[PDB]
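A lone chain, given as structure tokens: the form solved without the ligand.
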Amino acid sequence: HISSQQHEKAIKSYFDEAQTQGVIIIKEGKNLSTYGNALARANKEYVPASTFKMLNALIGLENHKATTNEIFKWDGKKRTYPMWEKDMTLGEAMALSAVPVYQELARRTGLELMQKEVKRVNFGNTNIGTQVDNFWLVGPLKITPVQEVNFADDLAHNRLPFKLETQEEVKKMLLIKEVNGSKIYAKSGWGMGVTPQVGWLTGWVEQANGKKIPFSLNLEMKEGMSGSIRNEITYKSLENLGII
């Protein structure tokens, strides 16, 4: 029906119109497809930012540093956003991307265990340095858009080296949208403590027929830019390709 040239032009325009540079890697089966207006970003390293929360959650749950029902109490100190000044579960913190909750979880895990677990799952360059509570925000941990879809691919198919239940627990925390029988599971990310700033939206679409299609949107964020563009560009691309 529609030509590859046309799909590539449309996706590229989604990034052009947002006035940013980015790429969206789609994985169908074992085949990777790169779309966007800056394809060379596919194999470049960037901090994972909040997308790391997926692995942070897997590690904490596997090593019993928390349960899926445990309420992390707000300590009462001012936080960057009012929505974060409340008591929440890992799952609510994932949806709100509440860094404080995941920094606490990382501290429970501890530097030694964290470095060992990141090495074991082979996430990005696997280096977390010496600060257990911010390595995914300002370095030294980095990962490429290609490694992100592959990580998303593994999780969606329960192939990561964690118990089946642990992966299922975390996957339930990532449902962000339902469209015509398709479910989108994803984690957004936005590293503001780095220059240039990087935006993410990694995950997968589960189609009605059960097929899972992983993706990874990666672009440069600019001050005065709405975080929802990550989602809007992802949805329009997924739709344009007929994925959802």
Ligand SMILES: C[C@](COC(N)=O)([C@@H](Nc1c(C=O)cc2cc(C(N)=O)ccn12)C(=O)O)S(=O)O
Given for the second form:
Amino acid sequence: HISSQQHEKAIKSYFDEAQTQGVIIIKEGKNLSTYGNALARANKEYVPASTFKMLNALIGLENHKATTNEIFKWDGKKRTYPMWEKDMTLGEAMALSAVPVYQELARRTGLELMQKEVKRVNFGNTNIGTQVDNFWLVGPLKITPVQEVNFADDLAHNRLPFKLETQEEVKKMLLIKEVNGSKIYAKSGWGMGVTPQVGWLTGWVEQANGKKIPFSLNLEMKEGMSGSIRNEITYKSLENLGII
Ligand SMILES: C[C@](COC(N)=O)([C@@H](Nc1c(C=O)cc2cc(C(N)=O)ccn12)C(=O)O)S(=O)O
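Rather than the form solved without the ligand that you just supplied, could I have the structure of the form solved in complex with the ligand?
What follows is the entire complex, opening with the chain shown before.
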């Protein structure tokens, strides 16, 4: 059927079209496949930005800093977006990328317990520095695309070091799409507080047959660029490969 050359060329063109530089790592079993127009990005470290919420939620829930039904009330102070000026659960904050909610969860957890938990799960370079409420947005915490797909892979298969129920609670927060019998779980991310700006879309597809195929899209976000491009490129790549 389709040659590997054609698949690589098609996915590369998806990034070229967006006029940006990026990569998308696909994992099948133990095998990693790297596609895109800037393959060397696969092993380079970038702030995780919003993708860190996945782990933030895992930690908070596990260490009883919150429950999946707890409503984090908006304090009435102006937020970056109107959509964030409301009361929401962790899951809702997850789908809305409600950073203010996760900064509160981070503060509840505390620096010491956070550094110890990040270290314990071995996330990225595992360094969160001294500011417990922004280490995943402007550093020092960093992680590579390869590490992100492995994290997605682990969560998808419940291999992370947390109660089975905790991982399941968080996975439920990540369902972002259903395509032709396939379910797509993922967390987007956009580090605007760093230069250059990094974009993420890390998750996995759950196929009808039950097989889970993890992936991590990582690229450079440029102003005047839509966050939906990450989603378009990811879906087109997944589809081109016949994943969905
Ligand atoms: C593009 C997304 C999601 O956007 C949707 N889905 O609406 C999101 N980005 C993000 C993230 C997570 O990366 C973290 C912040 C922090 C700020 C701040 N001012 O302190 C501003 C935007 N922040 C956004 O700005 O809207 S990202 O894919 O999570």
